[PDB]
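Shown here is one chain on its own, the form deposited in one PDB entry, set out as structure tokens.
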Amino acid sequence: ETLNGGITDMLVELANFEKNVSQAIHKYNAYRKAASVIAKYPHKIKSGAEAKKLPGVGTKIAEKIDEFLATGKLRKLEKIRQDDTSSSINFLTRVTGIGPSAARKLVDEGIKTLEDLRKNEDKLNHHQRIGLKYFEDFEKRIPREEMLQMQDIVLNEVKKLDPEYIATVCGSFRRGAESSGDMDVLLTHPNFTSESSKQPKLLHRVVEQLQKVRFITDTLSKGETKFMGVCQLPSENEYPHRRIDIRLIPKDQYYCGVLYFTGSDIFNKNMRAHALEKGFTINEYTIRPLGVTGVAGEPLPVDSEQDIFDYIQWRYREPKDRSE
């Protein structure tokens, strides 16, 4: 029965291609949107020119409409049958360590399932191995109360080695969310500052410590600044493996760090992006005027997150507000 059936069908097929074969969210979005609106319409759609009228649809859609009208065809649309690589690839990407590039290669060699991975372990680099090892684990968000305990344990043991050590937990957590992807933690130490730019050792000790207590349980990397690894809560008879990140910022550049580690990522993007519009360039370490020629001037002093915002002419926004 349904008049515009035929069309809406196409339309929807179309959006999902746009959705997957691309990023083309904007496209896909109008796409469905439209199919939706033509769909609510109570008259048979005859002319694409009629369609246009209806809100949601426009030129580009109306065209696609036409080509369908005369002939069920849609050469573009016919093209579609290319399929399957794309489904599987992305999937693989869900694997921590697996980027689009290693995902491709993995698919080309026929590895393109979860099951398959497990079978082709030998092809995986270490990180991948882990992502793979703790796969199901990595898909669960940490709940507030958990982080809590973790905040605790980190907090504590940090003190034991030195109580001069400062540890702040950023990212989601700090922005107040109810569930957090991982645990992100800023670490600082006054012995360490913009003048020395050394002491990998501080971080170093600390991971070993947590390590030596069965907290961290794996290691994805260990720089003289960064640190990503797995960790886990304890119990009697167990808690899911979590992703952990430590970053050591020279005690003197704590604020740039804090801002940056709090995110959100989008926020940072907009913000950093903005500093520029204003003439300064911001990194986890500093905010320094950015010179006429296009080179970084000396770094403006910072005494609190507020000041960063003051510089780019922006209203301070609480962490909980830095969503974007």
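Residue numbers count along the first chain shown, from 1. Here, rigid core means the biggest group of C-alpha atoms that superpose within 1.5 Å across both forms. Only residues modelled in both forms are compared. First, how it differs from the form deposited in another entry.
- The chain shifts as two rigid parts between the two forms, and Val154 rides on the same part as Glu109.
- Treated as two rigid bodies, the chain shows a rotation of the smaller part against the larger of 56° between the two forms, based on C-alpha superposition.
- Taking residues common to both forms and aligning the rigid core, Cα displacements of 2 Å or more over three or more consecutive positions between the two forms occur only in 2-84.
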The other form holds:
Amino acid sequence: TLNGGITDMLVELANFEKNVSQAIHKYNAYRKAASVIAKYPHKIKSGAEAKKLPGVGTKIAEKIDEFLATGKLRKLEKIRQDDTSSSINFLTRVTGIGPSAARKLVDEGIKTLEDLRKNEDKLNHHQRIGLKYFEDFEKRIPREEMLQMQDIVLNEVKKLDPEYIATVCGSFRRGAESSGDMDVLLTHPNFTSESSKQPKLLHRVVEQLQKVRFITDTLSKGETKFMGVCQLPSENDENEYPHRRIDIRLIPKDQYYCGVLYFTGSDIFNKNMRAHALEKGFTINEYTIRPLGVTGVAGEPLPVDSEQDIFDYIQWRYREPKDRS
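Would you generate the structure of this protein in the form deposited in another entry, following the form deposited in one PDB entry above?
Next comes a single chain, given without company.
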């Protein structure tokens, strides 16, 4: 890190713009700038120098100036000091609560995790559960806790129907020592693009894992997507395994590749990739890779038979999962 202090600053200012003023364009600018400055190879000494870079203009250079000269930013020390702002900000940390709900709760005097516990009547189900395991949801999952969870998923999945194929993607398939949650791609030959859909295919697995006391809560659930909570076994012991977040997704059999690409990559990697796709004249999805036609229309999906196959369409050095950060 050559310019950590400037980046941290722009990222902090970015969150404030998203979570408090809800100014999406500023949020984007600060994010784009931070990312551009972190790749710059020299130590920045003026805002004038920083301004030469793409994505950083006057408002960001002024801030970088003030930061270099004084070791801080007045705008930010005041943001950190404003109680409505920090409260609005902290509540956004609860899964289910975004900028709107945060600004409505604070507007009504609810600011603390404790106040929240005195006001579940204001919270929808997702938010009540997110409030319930707020602390556990903060804890990161060690890769060892992950491998255990994987066996439980794969094993139960076949017991129900051996034709079921489950793959834990996310940061696991990318080679990480710890992950925020468990992301599992699911496929079954009964679910296919040329079939009349199939909701019962995901419910079965979910109810199954629910029965072994694995899946404990449900935030959201549907035909292709499950978002809930899971937990590992303990017999007579204190500090049972913390409750974990688990996302499950049912993709069509004949589209498994676009599915692993999407549920693996990285929110950042996928963004950068779906950007290229458009450049070359294609539309990458979690389902298909249909090409861009006329002035604004994508047609029939190209056939893929590996992730490698998808990249080659937009001409790229196959990015091995562990590189997709």
